[PDB]
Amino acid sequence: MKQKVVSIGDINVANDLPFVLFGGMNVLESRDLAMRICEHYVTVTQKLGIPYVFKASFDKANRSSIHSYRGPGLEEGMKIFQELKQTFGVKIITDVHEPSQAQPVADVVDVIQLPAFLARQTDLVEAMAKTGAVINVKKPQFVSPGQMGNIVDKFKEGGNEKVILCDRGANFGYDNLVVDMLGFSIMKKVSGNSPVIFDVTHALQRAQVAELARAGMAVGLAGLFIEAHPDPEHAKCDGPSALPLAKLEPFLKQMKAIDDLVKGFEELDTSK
């Protein structure tokens, strides 16, 4: 059984190929920081040899209050991305919330994301479908893996047939997530063997970011979705949990020994 391929340009996201790191940042604060975030990623990638797609949000349709920081704004948010793109030669990936945003962002970025809590929003799915530009489907914590097949279909149907599946863990009682390492496999099956990627930071809501990320990779995934910030201690707000940037290389070095060393195994069948 061969794997699907959803190339976002000169990049090839697949299950049997080397993992594609969709590294980046959470919210889109300012440039001096953003482009700085790219600086280390961009560097370590080439330096260690790893496909890379920066990631940043230009809006937070949700937080812990109304009089909060929305974000750069749909408009001012796209201007942001533009720059860095030409400044480094890498693709950008950002999540959309309202149907509209879809098309406008479909022209600036190379990978559009779909918010987990919106995973099953037809109006939007059918909407985001038009673009036909690579889509990453975040997997809700309250949805069984095998249910992923239908979400991939409702998309193909609308038009777009280039999708990715992102796992961020499952609900384990109240206020807790746990990653079913066995979801990935179950997730390939029903998804016409689409590319499956593990979102560690936003599976950890920590000196765990590592150990966890190791186990995911040793399963054989299309790639990783990660987030890092210069000082993970101060801007230590809520939502996901980010990596202590500086630790990019030593960490990503680990993944490579996994991704690579595992992506090259004589297919095993413990079935029979």
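Residue numbers count along the first chain shown, from 1. What we label the rigid core is the largest C-alpha set whose atoms superpose within 1.5 Å from one form to the other. Residues that one form lacks are left out of the comparison. First, how it differs from the form deposited in another entry.
- In the core-aligned comparison between these two forms, the C-alpha of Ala235 is the only one from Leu48, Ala215, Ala235, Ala246 that shifts by 2 Å or more.
- Core-superposed comparison between these two forms places the runs of three or more consecutive residues whose CA atoms all shift by 2 angstroms or more at 64-67, 233-239, listed in sequence order.
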The other form holds:
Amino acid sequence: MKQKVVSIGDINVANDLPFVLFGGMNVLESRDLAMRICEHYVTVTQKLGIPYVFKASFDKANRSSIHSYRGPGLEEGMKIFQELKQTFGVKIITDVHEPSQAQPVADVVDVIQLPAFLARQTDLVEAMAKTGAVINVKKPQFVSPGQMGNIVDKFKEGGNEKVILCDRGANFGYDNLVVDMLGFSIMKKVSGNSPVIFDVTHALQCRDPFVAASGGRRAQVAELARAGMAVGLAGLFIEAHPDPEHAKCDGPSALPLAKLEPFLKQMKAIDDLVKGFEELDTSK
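Could you output the structure for the form deposited in another entry, given that the previous block was the form deposited in one PDB entry?
What comes next is one chain alone, with no partners or other molecules.
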């Protein structure tokens, strides 16, 4: 059939409708740090005809604590969004965490997001449904693609149908991740022919680490993000930074802010002749 289509303003994600870029950076650091990162993506998108959704997050919770650089806090967090917002009037995105705060957040951001870790949490499916915004079910590393029609189900069941599926890779043996390009469709088909997207930072993150032959970073984001794009994704998802990120030069991987442009020119041209490619199939 044709692919379902959750519509974001002039942008429309869909599996035969170009890789929309849910670009961005990680932890919402400086109301103005953003800007280097916010503004810089925006230019390029346009130069290439890539649509753009800026990604930013208002919190921490995952890893180190007792405050340890926990991020902006909904209150002060949500302001910074509202700035770069009209500054260059663009589509943003944010992951809630614990129900309540699932509405305020859902006013500055265009595409809310549910953390891989709480996917099977119900009360947030529920508490993101008694909303009606664009949801981005971030896929858990321990869920076979084929269970995603079970995060989607209850979403619609919660009133909310506007869903998106972001794949990040599954774990491979202790501390490692992988991505099977064959998981995409599988997710595509259980998810009412819904839109499927590749998150390469949080993915490649551990994929590069297979210590012995690792024990110390190294990146190939475009080399792995080409694989996804070369199969047929609704979109791509990446985070950037000049000096890899205070939040990405320690946690996951990270895209070199100024290295962005030609990466996309790869992703645009590669993708290019795929959404083109007239539907083929080899089950006969």
